[PDB]
Amino acid sequence: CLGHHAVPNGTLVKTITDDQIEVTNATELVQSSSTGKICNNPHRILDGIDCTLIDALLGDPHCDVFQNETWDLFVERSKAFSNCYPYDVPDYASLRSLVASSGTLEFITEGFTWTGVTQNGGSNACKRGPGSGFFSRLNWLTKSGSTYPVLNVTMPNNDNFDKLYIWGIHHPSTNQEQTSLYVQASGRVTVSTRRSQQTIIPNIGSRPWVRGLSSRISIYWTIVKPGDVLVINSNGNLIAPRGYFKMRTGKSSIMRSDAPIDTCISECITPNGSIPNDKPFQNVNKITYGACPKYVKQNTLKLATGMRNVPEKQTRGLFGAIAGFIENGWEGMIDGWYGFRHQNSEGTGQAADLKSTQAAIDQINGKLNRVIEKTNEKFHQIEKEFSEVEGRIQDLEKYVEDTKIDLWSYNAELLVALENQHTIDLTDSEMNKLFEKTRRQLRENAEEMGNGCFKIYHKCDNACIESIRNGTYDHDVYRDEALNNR
Amino acid sequence: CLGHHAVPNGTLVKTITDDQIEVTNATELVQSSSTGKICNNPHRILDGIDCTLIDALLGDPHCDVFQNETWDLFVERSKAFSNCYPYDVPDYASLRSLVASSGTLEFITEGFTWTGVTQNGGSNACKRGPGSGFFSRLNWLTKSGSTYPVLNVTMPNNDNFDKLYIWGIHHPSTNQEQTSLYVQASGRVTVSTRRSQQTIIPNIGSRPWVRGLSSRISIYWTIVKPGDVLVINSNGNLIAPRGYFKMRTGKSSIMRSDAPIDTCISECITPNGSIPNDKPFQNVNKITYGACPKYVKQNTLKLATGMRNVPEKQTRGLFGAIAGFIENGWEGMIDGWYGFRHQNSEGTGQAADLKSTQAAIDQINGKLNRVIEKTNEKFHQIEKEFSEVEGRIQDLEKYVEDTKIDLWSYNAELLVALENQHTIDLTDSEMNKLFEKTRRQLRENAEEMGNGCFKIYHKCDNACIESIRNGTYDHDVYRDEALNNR
Amino acid sequence: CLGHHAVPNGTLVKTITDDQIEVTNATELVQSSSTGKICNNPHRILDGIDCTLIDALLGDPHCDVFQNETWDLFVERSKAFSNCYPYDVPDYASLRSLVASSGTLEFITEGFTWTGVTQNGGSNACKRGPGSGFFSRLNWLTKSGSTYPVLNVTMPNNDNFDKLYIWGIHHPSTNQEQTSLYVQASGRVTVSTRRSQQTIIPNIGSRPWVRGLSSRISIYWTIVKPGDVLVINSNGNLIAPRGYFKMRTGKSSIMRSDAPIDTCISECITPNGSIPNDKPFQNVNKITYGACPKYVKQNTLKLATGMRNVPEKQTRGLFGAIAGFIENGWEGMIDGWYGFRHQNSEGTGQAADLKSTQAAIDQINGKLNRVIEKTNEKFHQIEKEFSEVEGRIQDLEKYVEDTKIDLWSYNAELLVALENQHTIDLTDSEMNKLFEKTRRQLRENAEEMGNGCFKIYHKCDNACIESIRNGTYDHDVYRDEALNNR
Ligand SMILES: *[C@@H]1O[C@H](CO[C@@H]2O[C@@H](C)[C@@H](O)[C@@H](O)[C@@H]2O)[C@@H](O[C@@H]2O[C@H](CO)[C@@H](O[C@@H]3O[C@H](CO)[C@@H](O)[C@H](O)[C@@H]3O)[C@H](O)[C@H]2NC(C)=O)[C@H](O)[C@H]1NC(C)=O
Ligand SMILES: *[C@@H]1O[C@H](CO[C@@H]2O[C@@H](C)[C@@H](O)[C@@H](O)[C@@H]2O)[C@@H](O[C@@H]2O[C@H](CO)[C@@H](O[C@@H]3O[C@H](CO)[C@@H](O)[C@H](O)[C@@H]3O)[C@H](O)[C@H]2NC(C)=O)[C@H](O)[C@H]1NC(C)=O
Ligand SMILES: *[C@@H]1O[C@H](CO[C@@H]2O[C@@H](C)[C@@H](O)[C@@H](O)[C@@H]2O)[C@@H](O[C@@H]2O[C@H](CO)[C@@H](O[C@@H]3O[C@H](CO)[C@@H](O)[C@H](O)[C@@H]3O)[C@H](O)[C@H]2NC(C)=O)[C@H](O)[C@H]1NC(C)=O
Ligand SMILES: *[C@@H]1O[C@H](CO)[C@@H](O[C@@H]2O[C@H](CO)[C@@H](O[C@@H]3O[C@H](CO)[C@@H](O)[C@H](O)[C@@H]3O)[C@H](O)[C@H]2NC(C)=O)[C@H](O)[C@H]1NC(C)=O
Ligand SMILES: *[C@@H]1O[C@H](CO)[C@@H](O[C@@H]2O[C@H](CO)[C@@H](O[C@@H]3O[C@H](CO)[C@@H](O)[C@H](O)[C@@H]3O)[C@H](O)[C@H]2NC(C)=O)[C@H](O)[C@H]1NC(C)=O
Ligand SMILES: *[C@@H]1O[C@H](CO)[C@@H](O[C@@H]2O[C@H](CO)[C@@H](O[C@@H]3O[C@H](CO)[C@@H](O)[C@H](O)[C@@H]3O)[C@H](O)[C@H]2NC(C)=O)[C@H](O)[C@H]1NC(C)=O
Ligand SMILES: *[C@@H]1O[C@H](CO)[C@@H](O[C@@H]2O[C@H](CO)[C@@H](O)[C@H](O)[C@H]2NC(C)=O)[C@H](O)[C@H]1NC(C)=O
Ligand SMILES: *[C@@H]1O[C@H](CO)[C@@H](O[C@@H]2O[C@H](CO)[C@@H](O)[C@H](O)[C@H]2NC(C)=O)[C@H](O)[C@H]1NC(C)=O
Ligand SMILES: *[C@@H]1O[C@H](CO)[C@@H](O[C@@H]2O[C@H](CO)[C@@H](O)[C@H](O)[C@H]2NC(C)=O)[C@H](O)[C@H]1NC(C)=O
Ligand SMILES: *[C@@H]1O[C@H](CO)[C@@H](O[C@@H]2O[C@H](CO)[C@@H](O)[C@H](O)[C@H]2NC(C)=O)[C@H](O)[C@H]1NC(C)=O
Ligand SMILES: *[C@@H]1O[C@H](CO)[C@@H](O[C@@H]2O[C@H](CO)[C@@H](O)[C@H](O)[C@H]2NC(C)=O)[C@H](O)[C@H]1NC(C)=O
Ligand SMILES: *[C@@H]1O[C@H](CO)[C@@H](O[C@@H]2O[C@H](CO)[C@@H](O)[C@H](O)[C@H]2NC(C)=O)[C@H](O)[C@H]1NC(C)=O
Ligand SMILES: *[C@@H]1O[C@H](CO)[C@@H](O)[C@H](O)[C@H]1NC(C)=O
Ligand SMILES: *[C@@H]1O[C@H](CO)[C@@H](O)[C@H](O)[C@H]1NC(C)=O
Ligand SMILES: *[C@@H]1O[C@H](CO)[C@@H](O)[C@H](O)[C@H]1NC(C)=O
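Chains A, B and C, in that order, give the protein sequences. Residue numbering for the first sequence is 14 to 499, as defined by PDB author numbering. Residue numbering for the second sequence is 14 to 499, as defined by PDB author numbering. Residue numbering for the third sequence is 14 to 499, as defined by PDB author numbering.
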């Protein structure tokens, strides 16, 4: 025989035509399993134990261990929180993705001149050590005695890099508190380059008790390029900077997870943990930092590497080829043409307040009342329409993505099936051709029993088997025996 | 011969390489035809003869036959209209899809206390029977004598289901009419849970004559969950509820069509009618309630089940295999991975009015004039920009969808072609191999004429044909004849 | 032998399983190269040498050579500019695509009656010949002495086509200039059909020095259909029309490029130049006017048309088939189902101005101040949110498109590979079958050396080669020789 030795407990592979045909020895192609831990090499992984990237940026009193810290990849934990002044970031997502892509928190201190104000404002919700305090990159300027002049400061950017400037605005709870910190009964912050300006004004209002405060701080940012100048004008409710952060650009990012940290080596990091990158595809999660297999939607793709399992029982002899190299060639096609994700970036504004106008005569007395009421309602209408729209965009965004994955997974399944069908037909044809080549060489001594194996009527020593293996055979030795049988 | 019996008037199938090759007996794979009628089983189909789902909800006087009605699927007719008070629904589409997905109009009456108002407001455009009337789920409260107090009512939800509350607001034609129904010269409706509030105000204005009215009613809804409370405040122009509708969730929906209703059995309902679900794909329409074949863009996919049609003429004998099972296996691949549609939901607002401010001093006299004019124009700008945006979204939405269908149809065509090519090669190979197996058995008695059939030189009775069929043949019987011919 | 004659310097083709296998004679399938020039036949190509389509429309003094000009395709140059009054078009893109799709600039003059105004306003930035001038389709009406009445004019459309009416509004630099041209200290333009109205008001403001003017003109359009009427009301800052343009619809468009113009014939025009349309796919650019090959992302797809290159050395004889027709059949599949692009249309508004309210008492004094300030900031907020949204839409738009191309290119690569694999297997099988048919005919005279060629032991004249070619051979002639060798 050449009967492929009846390998026990082989497995299923999909083909284009038949389904669940069985093969001698199969390979899996979707690494579906995770240890649950992130290696500490060869990447530089940084554990934000109880802070977020924003809180390390601002300088939280319990994250002063992250100062001038250098990451390849930032990991946020869910068990993180703020233990400082309660704050707010309009377009939070955009700021975070900028800081994330930089890969550094190198903070370079600068010489600002705050004439006619008191520096280093204190809070009891951000006690640094035993006494009152605040964030470590920001200066909370208040009135110096009983005056607050218009802070008008300038800084040219003369160097060969871009500077990132972080600033904000204070929202009081009552007008009394407003006057107590800032002599003027309303504030204004103007931040200008040669290419942009943002003017914001405080919104005095009561908000829920959070760590014993009903006031809030809104955080804004500005990006100055080599050759530009920045000009900060204000007349109250200003949180000044004390420097700029050095920007780079490259391969750096951020991933949210609750996985531990180990001492292995792995380059392929997901929120489920480390994945060996041997396989072409992985089913574990979509987000992949480093170099990773692409994402399919299925649990098993079995790529076949040898024969169907034909027999009742084994018989020794020579045999033909094995699938060998073919795996990386096909891998080439689909690897080449698959994409990288479009990154959910905008998310949403997610505002939760009544932002109407405030005066009894203006809003609830006379024709003017109705107008102002109508204006606020019109804006509410606008806001709700806006949310509807943004939601619809994000819904569509999801649909596109899901469509993509499906179609690629269908392609992947078809391709595996095509290879297995071809592979089966290749090996089958080779065996059949070789067997009948042997039949023409046999010269009537033996006959196939029907399972692609020759029933030999006579015996012969290993010399005959060698002669068959080299295709140099003559039938004279068995002439007398065959004639007697015939 | 084994000449496959020359089946007359076979048909075309697509292959990957050749086109319009012909086969013995072909199958169609796209059920393209409709009776035009909807079966009344096994689904519960409800015919909205002259009402829409919204009109059955509100309680139209000529659709009181739909009270506590239970549908699996709702069908709207185009010949439907309203014969009651002219009305308006902001975000009409959202409300309808909610009611549609429920599958019920179980209306549970509740005990509201309307102090200091007159109940059961009348209209001559909604005459119930012979005298004036209104909708059957709503209470039109008006002034009781010469007073209208602030209606402030509360209802806790103590049960184990969510309640759907339907309410509205009255838009008069003139301020005189406003004062005649409501002592206050302006109205306001505040509807609040622990999780939301909507404050709307009437827009006094003249609108086109519709069934003898220039006034309009705007319809709004609120969704209260187990444990919550609702608080309705108003000071005029209020259309109160009289209860809540019991919500479910499951498999229920709505489809617009002008098809009749029969007494067959069919589970696959489209706006063209009932479709048998035998086939894998259908070309009839995209929307499909129940279990239906997927949608392709082509008129015929012919999947092949047997040989090419080779001969000049027939000759009897045995023959080999037929395609058999293969159809459901491949069906598996593409069924598995195809998607369900993303449902056009938002559509558009589709507002058609001038919604500007109104005062001669405020809008057309002085600097104030210019400001107010500028504000209204700015809002008009906003509205038009909004429409542009929404339109662009919906345009893109269409493009995505069309792209999807094409790509899937291309996949479907490729897959059918792959199977037919393989199928042809499978059968062809089997015949050729079997024929030459027979040739080696023949031992020189007959010779192939060139059409995969043996020209036999001698005659022989059915014994010889049986001996050939079982592959147990010897040539001794025809030795003398063959020698004489040779 | 039948050894396929060892064709020197054949090339690579991709297969599904093996990669970079070699074939005798290969064909390329992506026309990747351009001359750099646009043919002047058979299409009517029009060269906008120093004007854009908008500037030819308005009647620029240096593009009076484009009057009643007829194009199949419009080409804009980058070296084009305006040398007339500085202007502005809100939704510039929409207007341009309308004019582009028409294919004509037939301007039909009409009889307007401008009572109580002075016609033919002059500018020194649009000097026509040696003296002051303006655009050639528009009438700049100013005050006649010391009065400016309300221009209220009407025109019914009684004909069997739609009319395109082009008009505008003047934005001054100072109120003094406003009063000097228009007695009223503010203007207003109302343009109404039975189906729409646009009321715009001038925005007095200083803007950058452009060719010695700080004033600007905003250009608007209106589309009147057969049976309608148009009514233009104004009280200042109005740029009147002098006629309508005849609309068509068909196959006409616009393409931006810096290519020269030749005297060849080509129907397939891209911004890189003319492309012969022989091939199925092209890699040159995406935009294609006329009939063109579809766009793939790859540099070479090699479709195979004959054998692998097997030998050490050649030997003469007959041979089998060649690939022939197969190319257009497969071309059919993918041509059929590919799409045409979704046309970037909206682009963006791209506004660059501070459009706030203006009064010292209204904006910077008292509670009113804060309100007005808040309103302008709220609108700025709205504008920025709008831009964010539009940007996100256009970003997504890009992503969809890129996804599409990839997936199609992957399909194209797979299809080429499938054909080449099949083609190789087809030819290989045919040769092998024919060779062993010849072996059974040989009757022991010759034996294959191992390269699909027969080593012949004896000699024989061309008679033997003919006898082999027709399959009518007997071994008697070589009996004595073979017996002696044996
Ligand atoms: C946090 O980072 C700051 C800034 O330095 C930056 O981060 C460091 C870790 C390194 O990566 C630096 O290359 C990088 O710029 C550290 O500030 C550094 O402090 C020293 C001591 O004050 C500075 O030396 C001074 O240099 C000036 C300028 O020549 C002299 O005039 C002084 O006499 C003195 O020699 C050093 O230059 C400064 N780095 C900068 C601005 O170049 C800081 O120590 C570091 N650690 C913290 C806060 O944890
Ligand atoms: C429309 O529906 C209402 C509400 O009932 C609901 O729909 C029915 C068709 C059934 O599906 C009900 O299970 C479902 O809740 C019908 O109202 C029903 O009316 C009867 C008679 O008034 C009520 O019986 C009363 O029950 C109360 C509470 O125990 C007693 O105090 C009374 O003495 C009396 O026995 C019945 O409970 C009520 N269903 C409800 C609220 O449970 C209504 O008849 C029906 N038909 C219409 C309008 O066409
Ligand atoms: C630019 O185009 C205008 C309008 O004509 C249009 O374009 C032409 C090139 C042709 O394609 C026309 O078929 C097309 O309508 C040209 O105006 C044409 O001018 C002549 C001479 O004034 C008009 O003839 C008159 O017709 C009227 C109406 O019957 C008589 O009352 C007059 O006595 C006279 O015969 C001709 O009709 C008019 N075309 C129109 C409106 O039908 C213009 O010459 C041309 N060239 C420019 C500006 O370069
Ligand atoms: C790896 O860790 C991630 C993060 O915990 C796991 O993601 C989670 O996967 C489950 C799948 O059932 C998600 O549940 C469902 O999500 C859908 C929306 O995607 C929602 O409609 C359902 O109601 C349900 O919540 C879960 O949200 C998701 N969590 C995330 C994204 O934070 C993932 O399963 C883990 N994988 C492995 C192999 O451990
Ligand atoms: C089943 O019934 C539906 C509903 O009547 C039929 O749908 C209709 O199909 C035609 C196809 O020509 C549509 O006409 C064209 O629609 C496109 C937009 O899709 C438009 O650009 C063209 O100007 C033209 O109107 C028609 O709109 C569409 N009607 C709908 C959706 O209500 C369908 O053809 C019927 N199918 C069969 C097999 O009877
Ligand atoms: C045909 O002419 C067009 C127009 O000049 C050429 O298009 C240009 O192609 C290059 C490719 O490198 C583009 O450069 C890159 O574009 C991307 C965005 O697509 C941008 O992110 C990169 O920073 C870089 O600018 C270039 O923009 C593009 N120009 C256009 C569209 O006007 C095209 O290459 C020419 N083709 C041939 C074969 O000559
Ligand atoms: C079945 O196929 C797998 C393919 O992974 C074979 O696994 C190899 O096993 C040898 C040791 O026997 C390792 O040195 C190789 O690295 C493994 N991988 C590869 C790439 O071949 C396995 O041996 C096969 N089993 C049988 C019975 O043939
Ligand atoms: C507020 O700040 C700006 C920028 O620092 C000042 O404008 C500069 O004023 C100086 C002195 O007159 C000029 O030499 C510069 O050319 C100005 N620069 C720019 C960019 O305008 C402005 O004077 C300051 N205003 C006040 C009231 O202090
Ligand atoms: C051609 O193929 C069709 C396949 O649908 C055959 O149709 C079958 O016909 C028999 C009766 O002759 C029915 O009992 C089957 O249910 C039909 N369907 C299937 C699934 O086979 C048809 O008979 C074939 N015709 C010929 C001449 O072979
Ligand atoms: C309007 O309605 C609300 C809710 O029913 C009333 O608020 C409740 O008032 C009672 C009596 O003072 C309190 O016990 C409740 O705690 C209040 N509930 C809530 C949710 O606020 C309110 O008093 C009513 N106002 C008027 C003027 O009648
Ligand atoms: C290799 O294939 C190409 C296919 O384009 C052959 O090109 C043909 O060449 C002849 C002249 O020899 C022209 O008349 C044809 O129009 C060409 N095109 C086609 C469609 O066949 C080329 O001759 C082939 N070379 C060899 C050596 O066989
Ligand atoms: C401004 O123009 C409109 C339209 O030309 C005038 O309205 C028409 O007036 C005439 C005379 O009274 C009527 O016969 C028409 O029926 C009106 N048409 C429409 C569409 O309203 C209007 O009179 C003009 N106003 C002024 C002040 O001149
Ligand atoms: C291998 O397969 C046989 C099938 O009968 C099964 O009984 C056996 O348990 C398998 N493997 C082992 C664990 O012996
Ligand atoms: C079957 O095909 C033949 C082709 O010649 C045609 O004449 C005949 O009409 C067909 N069917 C019938 C209706 O006889
Ligand atoms: C053909 O291929 C051979 C490979 O050795 C190369 O040397 C030769 O230069 C090629 N063509 C020509 C230019 O002679």
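Keep in mind that a hint or two might mislead.
The list treats identical chains as one, so a pair stands whether inside a single copy or across any two.
[Unchecked claim] The calculated DSS-like cross-link candidates involving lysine-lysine, where the alpha carbons are at most 27 Å apart (straight line), are:
| id | residue 1 | residue 2 |
| --- | --- | --- |
| 1 | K472 | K326 |
| 2 | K156 | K140 |
| 3 | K238 | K397 |
| 4 | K140 | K450 |
| 5 | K446 | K472 |
| 6 | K326 | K468 |
| 7 | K368 | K307 |
| 8 | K307 | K140 |
| 9 | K417 | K259 |
Simulated from the structure, these hints should not be mistaken for lab results.
Evaluated hints:
1. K472 - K326: within (20 Å within a copy, 43 Å between copies)
2. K156 - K140: within (21 Å within a copy, 60 Å between copies)
3. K238 - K397: For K238 and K397, only the inter-copy Cα distance (22 Å) is at most 27 Å; the intra-copy one is 37 Å.
4. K140 - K450: Classified as neither; 90 Å inside a copy, 95 Å across copies.
5. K446 - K472: Close inside one copy (25 Å), not across copies (31 Å); limit 27 Å.
6. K326 - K468: Within one copy, since 14 Å is at most 27 Å while 41 Å is not.
7. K368 - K307: neither (46 Å within a copy, 49 Å between copies)
8. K307 - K140: neither (48 Å within a copy, 64 Å between copies)
9. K417 - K259: neither (38 Å within a copy, 39 Å between copies)
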